[PDB]
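Next up: a single chain in structure tokens, the form deposited in one PDB entry.
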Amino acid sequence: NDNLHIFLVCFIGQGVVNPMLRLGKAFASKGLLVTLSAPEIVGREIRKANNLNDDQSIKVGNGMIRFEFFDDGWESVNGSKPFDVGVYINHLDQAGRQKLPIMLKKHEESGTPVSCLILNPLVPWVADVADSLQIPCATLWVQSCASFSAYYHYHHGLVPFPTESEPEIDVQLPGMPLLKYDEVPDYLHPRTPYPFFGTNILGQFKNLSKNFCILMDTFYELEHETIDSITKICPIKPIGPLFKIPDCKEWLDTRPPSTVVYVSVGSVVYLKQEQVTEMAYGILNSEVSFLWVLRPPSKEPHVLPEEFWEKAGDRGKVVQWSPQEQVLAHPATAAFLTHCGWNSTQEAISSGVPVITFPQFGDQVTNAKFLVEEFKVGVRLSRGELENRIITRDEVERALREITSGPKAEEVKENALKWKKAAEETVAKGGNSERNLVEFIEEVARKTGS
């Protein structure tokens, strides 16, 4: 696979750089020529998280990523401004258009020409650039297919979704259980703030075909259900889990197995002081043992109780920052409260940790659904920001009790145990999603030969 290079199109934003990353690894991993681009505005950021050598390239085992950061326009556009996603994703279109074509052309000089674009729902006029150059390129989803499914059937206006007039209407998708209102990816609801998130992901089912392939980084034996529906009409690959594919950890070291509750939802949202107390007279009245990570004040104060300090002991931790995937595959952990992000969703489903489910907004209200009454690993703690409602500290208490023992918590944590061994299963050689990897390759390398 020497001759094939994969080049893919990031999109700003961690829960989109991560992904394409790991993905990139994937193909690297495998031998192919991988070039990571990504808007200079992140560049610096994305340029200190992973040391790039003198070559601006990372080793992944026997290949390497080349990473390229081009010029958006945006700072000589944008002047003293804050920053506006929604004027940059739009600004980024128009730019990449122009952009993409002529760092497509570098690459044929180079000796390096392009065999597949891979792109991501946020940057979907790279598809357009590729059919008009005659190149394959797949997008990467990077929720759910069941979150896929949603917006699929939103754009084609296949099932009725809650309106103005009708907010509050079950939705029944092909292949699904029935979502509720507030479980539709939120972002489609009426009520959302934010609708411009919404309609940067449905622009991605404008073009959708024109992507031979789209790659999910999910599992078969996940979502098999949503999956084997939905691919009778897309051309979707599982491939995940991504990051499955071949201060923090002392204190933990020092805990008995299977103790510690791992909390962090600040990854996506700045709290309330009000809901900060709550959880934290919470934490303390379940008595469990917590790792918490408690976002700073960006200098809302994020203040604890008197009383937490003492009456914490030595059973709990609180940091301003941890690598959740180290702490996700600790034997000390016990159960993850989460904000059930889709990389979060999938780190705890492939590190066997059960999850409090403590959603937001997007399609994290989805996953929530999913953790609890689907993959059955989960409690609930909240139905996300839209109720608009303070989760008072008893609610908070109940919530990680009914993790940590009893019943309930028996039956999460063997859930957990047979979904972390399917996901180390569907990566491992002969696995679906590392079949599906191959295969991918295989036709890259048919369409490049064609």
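Residue numbers count along the first chain shown, from 1. C-alpha atoms forming the largest set that superposes within 1.5 Å between two forms make up the rigid core. First, how it differs from the form deposited in another entry.
With a cut-off of 2 Å and the rigid core superposed, residue 405 has a Cα displacement that falls short of the cut-off between these two forms. Relative to the superposed core, residue 59 undergoes a Cα shift of 2 Å or more between these two forms. Relative to the superposed core, residue 389 undergoes a C-alpha shift smaller than 2 Å between these two forms.
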Given for the second form:
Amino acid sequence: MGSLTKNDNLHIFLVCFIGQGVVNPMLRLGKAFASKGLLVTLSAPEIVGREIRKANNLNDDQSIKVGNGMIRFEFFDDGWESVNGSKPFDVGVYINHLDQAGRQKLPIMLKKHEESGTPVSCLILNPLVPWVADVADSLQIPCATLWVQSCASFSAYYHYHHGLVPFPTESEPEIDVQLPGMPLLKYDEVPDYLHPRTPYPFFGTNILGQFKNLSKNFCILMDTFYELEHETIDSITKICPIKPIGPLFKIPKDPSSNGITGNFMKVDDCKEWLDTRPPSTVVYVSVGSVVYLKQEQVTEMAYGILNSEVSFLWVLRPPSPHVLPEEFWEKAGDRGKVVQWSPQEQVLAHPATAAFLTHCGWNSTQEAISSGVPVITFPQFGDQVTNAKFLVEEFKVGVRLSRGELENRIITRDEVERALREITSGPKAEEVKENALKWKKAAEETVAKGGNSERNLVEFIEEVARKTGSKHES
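Okay, that one was the form deposited in one PDB entry. Can I see the form deposited in another entry too?
What comes next is one chain alone, with no partners or other molecules.
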């Protein structure tokens, strides 16, 4: 191999987009790198940097030490407030703006790190900023992308963008889709951003932008694990350099980096009330922050919860409706608790928790899998309808409530009551609970030393080290 003529650290430079859905997985990846001694720069537009500085207490240089590793923050000015003015935020307009502004700002940052003696070893982007890979390719800087949805969802978008398999069109809106290494998907089980009936076609186009220059990333980091989607991963690896490294939230947390958070919203305290509950009795209900439920759907949920008589912890976050029935609060004093934002990981790990009524976002899908908590699937849009199909039919840890908002119907209180009673007692409840405990074990092993996800991460670091030549001068 040759005698050592240099002993440089590596410098990982992550580039975020907007919102907690990108910052948190990106920040979790950066904390893993910093615990292994690498210098990590979390970079983001200034509109994100305002929320990061407000949520945390960053010092004058905005950096924390983790051994010889480090997590530092470098926010760049996207010029958005000056250009956008009084207009309401439009993510379709913004993503194009960040493309132009990012291509101007990133080379300046990278050139400065080169002059300052801290050259960037690897850029890591996400699907909504694929221009990072263009700048990386032009500078001969290795780059990788962090896919934060399931591998099933990746395979759907890949085959759609490349036209490798017939998808539902306006002429045939209801044909099934058979993807390699996947179960057969119904027309409404494909990530419905890609379906012609979607009200959000722009969300699909934005995700599809990752695939136009995907081959510029030498590695596709995935927030999933091999045991969970082994058949889909086997089929995709033959085409793309994907490497499952998830669940990102289950990687061992280093205490010297646990002070940093990517969550921007206040967290209500659920631990105190959960501790008073008998084990495996509370049904945790949450649709996240992006889902906005109509009043009529909330009412049927309240009556279903009330008629089911189950104990519950309901995350009912309003915008800036929603009134619950009066009879609900008469009985809620003994049975349930209603909050606006819960500590979901802590809640799913509590011994009082029995099930998770969820909208089936991929983070929640993985957190339920990793916690051994069975689910009631209540998908709304996007890849949720896909995650819901896997939770119930493939992972076999779930009970179905709805098929997504494109079904265009209110889920009645009788449907809510039946699903709640089914996940809490009877033969189906025992089956999905047992399967969920086998997924909890598999998730805890893949991130442990020697696990599939842990090995792929160290392999990525070593591959970066080889490309950088961190121990051989030139």
